[PDB]
Amino acid sequence: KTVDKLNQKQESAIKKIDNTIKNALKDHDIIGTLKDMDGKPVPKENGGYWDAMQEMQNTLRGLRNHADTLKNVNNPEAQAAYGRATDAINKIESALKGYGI
Amino acid sequence: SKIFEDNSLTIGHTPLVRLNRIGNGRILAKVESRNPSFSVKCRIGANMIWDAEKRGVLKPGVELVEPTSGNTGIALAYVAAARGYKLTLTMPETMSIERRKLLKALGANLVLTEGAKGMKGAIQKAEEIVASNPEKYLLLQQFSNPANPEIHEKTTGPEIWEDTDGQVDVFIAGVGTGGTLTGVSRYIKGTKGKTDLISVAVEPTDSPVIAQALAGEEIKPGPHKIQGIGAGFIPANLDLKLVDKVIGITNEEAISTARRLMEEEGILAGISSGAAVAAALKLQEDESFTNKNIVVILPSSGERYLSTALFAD
Amino acid sequence: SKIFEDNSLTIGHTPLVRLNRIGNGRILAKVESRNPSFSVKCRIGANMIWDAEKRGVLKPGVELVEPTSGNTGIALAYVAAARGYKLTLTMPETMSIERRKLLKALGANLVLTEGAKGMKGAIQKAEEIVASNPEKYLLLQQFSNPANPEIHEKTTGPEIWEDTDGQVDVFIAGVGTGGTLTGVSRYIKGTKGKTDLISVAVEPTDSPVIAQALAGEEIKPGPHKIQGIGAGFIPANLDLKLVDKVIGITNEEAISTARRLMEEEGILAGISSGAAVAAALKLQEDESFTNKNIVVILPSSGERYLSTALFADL
RNA sequence: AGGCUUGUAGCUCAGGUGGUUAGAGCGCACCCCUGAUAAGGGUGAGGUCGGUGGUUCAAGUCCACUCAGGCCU
Ligand SMILES: [Mg+2]
Ligand SMILES: [Mg+2]
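Chains as they are written, first to last, in UniProt numbering: chain X, 3142 to 3242; chain A, 2 to 314; chain V, 2 to 315.
Certain hints may be false.
Where chain X lies over chain A, by a calculated footprint (3+ residues, C-beta under 8 Å) [what the hints assert, rightly or not]:
hint: 1; segment: 101-113
hint: 2; segment: 218-225
EDC-like, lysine to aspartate or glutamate: derived pairs with alpha carbons at most 16 Å apart [claimed, not checked]:
hint: 3; chain 1: A; residue 1: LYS195; chain 2: A; residue 2: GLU253
hint: 4; chain 1: X; residue 1: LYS3212; chain 2: X; residue 2: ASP3228
hint: 5; chain 1: A; residue 1: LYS3; chain 2: V; residue 2: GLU99
hint: 6; chain 1: X; residue 1: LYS3163; chain 2: X; residue 2: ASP3228
hint: 7; chain 1: A; residue 1: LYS137; chain 2: A; residue 2: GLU64
hint: 8; chain 1: V; residue 1: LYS3; chain 2: A; residue 2: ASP166
hint: 9; chain 1: A; residue 1: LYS246; chain 2: A; residue 2: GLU286
hint: 10; chain 1: X; residue 1: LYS3181; chain 2: V; residue 2: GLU254
hint: 11; chain 1: X; residue 1: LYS3181; chain 2: A; residue 2: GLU99
hint: 12; chain 1: V; residue 1: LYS105; chain 2: A; residue 2: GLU64
hint: 13; chain 1: X; residue 1: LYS3167; chain 2: X; residue 2: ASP3209
hint: 14; chain 1: V; residue 1: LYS3; chain 2: A; residue 2: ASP314
hint: 15; chain 1: V; residue 1: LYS102; chain 2: A; residue 2: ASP314
hint: 16; chain 1: V; residue 1: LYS226; chain 2: V; residue 2: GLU254
hint: 17; chain 1: X; residue 1: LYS3212; chain 2: A; residue 2: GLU64
Across the chosen pairs, the derived CB separations fall in these ranges [stated by the list, open to error]:
hint: 18; chain 1: V; residue 1: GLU94; chain 2: A; residue 2: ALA313; range: 37 to 43 Å
hint: 19; chain 1: V; residue 1: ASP207; chain 2: X; residue 2: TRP3191; range: 42 to 48 Å
hint: 20; chain 1: A; residue 1: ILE98; chain 2: V; residue 2: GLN142; range: 36 to 42 Å
Honestly, the hints are just simulated from the structure, not real lab data. Every residue gets a Cβ at the ideal spot worked out from N, C-alpha and C, and that includes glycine.
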């Protein structure tokens, strides 16, 4: 098997994935999504509303776009970063599937 | 002379109310909140326990376990109370204290799992209860139990056919488990022999997994506000060879139609109820669906969702 | 072939269910929670609008004012939304955000009166509105409108008689306005001619104003938390000639029996629903009532009372 | 005059055998956070690939000639 080197996009897509997990996939964000999926509020400090569903649609678009970049590659640093993207999506979808039914 | 022996037998026989101000008077609304726990799920909380008693697995001594965070937990709680059985509902810690008061005052044993795992932590906990003593606990599995679409083939199928006198041309129902869409389409297309029925499913646009399954695509689930539908996967009760069309509904136009369906009609309707009516409005914008009688399932009431964002101020 | 033309035509035909674990098993509960606004009031919230259309006073162009915050405010809200009228409910300012959000959702103009007054302030502003433009507003007056006991003679009375097949011996119903007790007792004692029916009335012990009127004493009300019954006076719809017994249910006995009616028999019951079953249990302590078909009305659902004292569990 | 070489988003730049159209860093707009600033994170906008022709199933990439800069001359 011929090992390859990264583009400037694949090495961007690795650093986007690892920073999306350590800042947007906290346990607070999966709580606040499920609070928002059936309506009951998590308010702001003095008014307004924190929209956790829009911030998880953004996280799911990010982790799916940045895993499609790193999908058919052959660098072991980029196949290992693909594993964190697929496992982070499976962490989200296992919290969402069959909810409210 | 009909005295009911318990409240689980009082399911069904719900009105088919014509909508006079949402649409052109052809949309017929089947109010499914006229049930003993005020959801469409009351039909399946009765028949899944009826079926378990017929095939001998539900004896005196056998308890009931099912992971749920919706109207199925209310529907299993009154039938286990009416028939006289025990129930344990596993669910995340996210849901409200006012939802847990309705289940605990109705005779359920709530097991609250940690909310960061979501429903899989609520699902996988229900197997450690069953694997503790498998001869004692029963798992109902609403997404794969064939008693879920069979209550709709026996009850809510013939109710639509006898109210419309066989004139229903389009049937529209949202799909959370798929027993309602499959059972009605089995009675009208299969038993009564009307192949021309158009069975339209309703899904969220933020999780359009039925349209991705029909188009051969990878499954793309996501969070949505239309509670009741949008499972994130294709369940075993949904038969995709009967789904003739699928219409996606955004979260703001589902909440907008439910507020119309209260204010202009007097029907207390949840978000999934307004999502299914708005699919009938999107379908009637086509000019071939203007002399068609449309039957729309309205699965829940709005009073249950009264602390939510359906009621703004 | 039955397609209902609006949601208000779907009242009635509520099932009569046997209570197997409460009593000896001859209590027959009629669950009035399965009406289109989930109360007993849907029947009178529809008939009083149907009667006003036929009297010629509810034309296209006239309003509806009713000093009412409870179940019959919800019942007038969905019928006026189903049939196209405009509703203005007058009620005190000390009411919950939650019930006000259910009434704006059905399209009801809510006018808020002073909280130091209470209910008699809500009545007085309703007659201030009708006195402004008498041709354009309209009261309904559920305590004195004869369409309140008329619909129970046309719907509730037959549904008890044709489901029991003529075997109802005792009829327990709570009296808040005295329509469901009057209408069914006029059907069975009057039309079908069964004078042996024992029509009893459930009242609070803190406000026993029906027992003070039958004993010839001064009517003195009091506060209670069996909401739905106990108006504090004898309404004009309640005729005392039909009432045989009067049973006073204590406020903790209604909470305990409604919880007992949910967890043992699967019926979502409010506080007044538990008060009416508790009167059936007090009546079965006599051996003369243990072979009687007790028929009891369950007027509301416990999911509406979900923030009240009925749910003291975490 | 010859042999070469630079030209890709507002700036500096990668672009592997001719295959996602075309991508990164800084900067612009929005969102989380910092009482606030910096630091740090995410999403989006921005492209006659110098110009014109040829070839190929397909050209930013391969050729032919020009336009502007640097090298010995
Ligand atoms: Mg966060
Ligand atoms: Mg440049």
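Hint-by-hint comparison with the structure:
Check result for the segment 101-113 of chain A against chain X: violated, 0 residues qualifying (beta carbon to beta carbon below 8 Å, three or more required). Closer than 8 Å: that is the beta-carbon criterion, and the segment 218-225 of chain A has 5 residues meeting it against chain X, so the requirement of 3 holds. Of the supplied pair hints, the one linking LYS195/A and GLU253/A is violated, its CA atoms being roughly 35 Å apart against a limit of 16 Å. This hinted pair checks out: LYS3212/X and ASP3228/X have alpha carbons roughly 13 Å apart, not beyond 16 Å.
As the CA atoms of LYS3/A and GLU99/V are separated by approximately 37 Å, the hinted pair breaks the 16 Å bound. At most 16 Å may separate the alpha-carbon atoms for a hinted pair to count; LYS3163/X and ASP3228/X meet this at roughly 14 Å. Straight-line distance between C-alpha atoms of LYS137/A and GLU64/A comes to about 6 Å, which keeps the hinted pair within the 16 Å bound. Restraint check for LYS3/V and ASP166/A: satisfied, since their Cα atoms lie roughly 9 Å apart, inside the 16 Å limit.
Distance restraint check for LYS246/A and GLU286/A: the Cα-Cα separation of roughly 15 Å lies within the 16 Å cut-off, and the hinted pair is therefore satisfied. With a C-alpha separation of about 34 Å, the suggested pairing of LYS3181/X with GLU254/V is violated against the 16 Å cut-off. Under the criterion of a C-alpha separation no larger than 16 Å, the hint pairing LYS3181/X with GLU99/A is consistent with the structure, at around 11 Å. Between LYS105/V and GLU64/A the CA atoms are separated by roughly 43 Å; this puts the pair beyond 16 Å, and the hint is violated.
For the proposed pair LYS3167/X and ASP3209/X, the alpha carbon gap of about 23 Å is over 16 Å, so the pair is violated. As the CA atoms of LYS3/V and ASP314/A are separated by approximately 37 Å, the hinted pair breaks the 16 Å bound. With a CA separation close to 6 Å, the supplied pair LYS102/V and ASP314/A stays within the 16 Å bound. For the suggested pair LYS226/V and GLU254/V, the alpha carbons sit about 11 Å apart, so the restraint of at most 16 Å is met.
For the hint pairing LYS3212/X with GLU64/A, the CA-to-CA distance comes to about 46 Å; that exceeds 16 Å, so the pair is violated. Taking the beta carbon of each, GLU94/V and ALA313/A are about 20 Å apart, not inside 37 to 43 Å as hinted. Separation of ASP207/V from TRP3191/X is about 46 Å and conforms to the stated range, judged on CB atoms against 42 to 48 Å. Hint check: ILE98/A to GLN142/V, Cβ distance near 40 Å, so the stated range 36 to 42 Å holds.
Hint check: violations occur at hints 1, 3, 5, 10, 12, 13, 14, 17, 18; the rest are consistent with the structure.
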